[PDB]
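Only one chain is shown below, in structure tokens, and it's the form deposited in one PDB entry.
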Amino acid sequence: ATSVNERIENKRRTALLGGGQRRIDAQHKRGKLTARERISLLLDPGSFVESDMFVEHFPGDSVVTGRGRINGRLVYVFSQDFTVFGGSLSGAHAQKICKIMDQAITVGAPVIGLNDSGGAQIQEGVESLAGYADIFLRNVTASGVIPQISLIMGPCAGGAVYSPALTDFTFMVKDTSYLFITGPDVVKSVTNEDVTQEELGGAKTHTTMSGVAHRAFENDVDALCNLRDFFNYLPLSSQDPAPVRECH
């Protein structure tokens, strides 16, 4: 008897279920979806092809990367889900993101990134900074070559907030997404002022006065629908002309 088949089935079921039924349920009471549900909503039905699903640091490595099609046009996506486990943008997470951008820039298709740092340990090893630097280098390299879109769907903190800023467009979800480099507690420790997380880095702050985000949407489903509608506007690469659609 060979255990390879049962091991593969167990690995696939663990990757799909992620951290278990309790973790997805807890994600659901917060009014937010999971990485795979967001990918399924964003892409065309039955068009998602995942990459490096068996790469470990625990399968999945808290990021789901792959390629899909929106209205028949190719796109490359990655989605972050750190609530299940991991809590570190250091190991195979950064490598998977870098590889998916490398494929996108080779083929010449846009990159869409669903950023959700969630519960991530910002006190992990030095590999996180190296991965961040590699991701920043790839965003700078791809700038002006292929479009890059960022959708912040959760609390993003630390040095990871520079990758969305280097992309062409940045969108947020109201009441569930944040962008800030330094947490409110450290701000109180240093500056000595009482500030809450929502008014320090919420969607309203970054869409009304900060000038960092471009638009804010009501919830995840609305955000993904508007993301598809907006993606229908752009060309796939700087080598292509502005898209032309049927007109009435």
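Numbering follows the first chain given and starts at 1. Only the largest set of C-alpha atoms that superpose within 1.5 Å between the two forms is called the rigid core. What changes on going to the form deposited in another entry:
Residue 127 shows a C-alpha shift of 2 Å or greater between the two forms [criterion: core-superposed Cα displacement of 2 Å].
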Contents of the next structure:
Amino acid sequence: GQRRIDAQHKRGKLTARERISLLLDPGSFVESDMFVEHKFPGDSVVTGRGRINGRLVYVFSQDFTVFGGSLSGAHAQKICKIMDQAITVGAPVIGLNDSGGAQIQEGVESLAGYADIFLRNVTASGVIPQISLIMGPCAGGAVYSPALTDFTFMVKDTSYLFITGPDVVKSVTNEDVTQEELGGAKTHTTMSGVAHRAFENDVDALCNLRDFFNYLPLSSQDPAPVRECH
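Alternate state requested, the form deposited in another entry (shown: the form deposited in one PDB entry):
Since only the chain itself is given, any partners or molecules it might have are not part of what comes next.
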């Protein structure tokens, strides 16, 4: 909805399609599974393929805050399908993680989809590069997919990574901690060792993601990339 998009923009965040457009080359995104519904089309994930500086890549983005209620089965099916295509052709996978508007209670055995995604990440490990960019809050088993990828980046002040929420921490261990201290980008980049880099905002993060992707090869079969030298 337009109101949800405006609310997302008010927080200094972009939509999933805007992030995909910024990340990929202009006029190179090809989307897949457009008409897969859960009743809305898209199922809170945008999956497809594109080119960065003329090199093929497969991407998926999440817009739970502005679209969808929680992880259904088709979300995991779309992610698994795009990962299978990437492993078939031999191209890297880039995943923009944003599980803001995802209801933990509204999970109809989404752990099965989580397990399928984990299995595909493990299978693709060492075969194709995998990059994860956490652009929003994340909780539950969804935090394990970025951990299994090769590289993990976060956005400052707008990204989180934690097993259980601060309320559960207060209920169990009886300690007052906020979300920023528990799973903020600074915590995971300075004292936790989970994330690799933190960026000021979404645009800067995507620019650095393109620059970093220029370094990596497309597959383990290919040799290290060689560019023009001066």
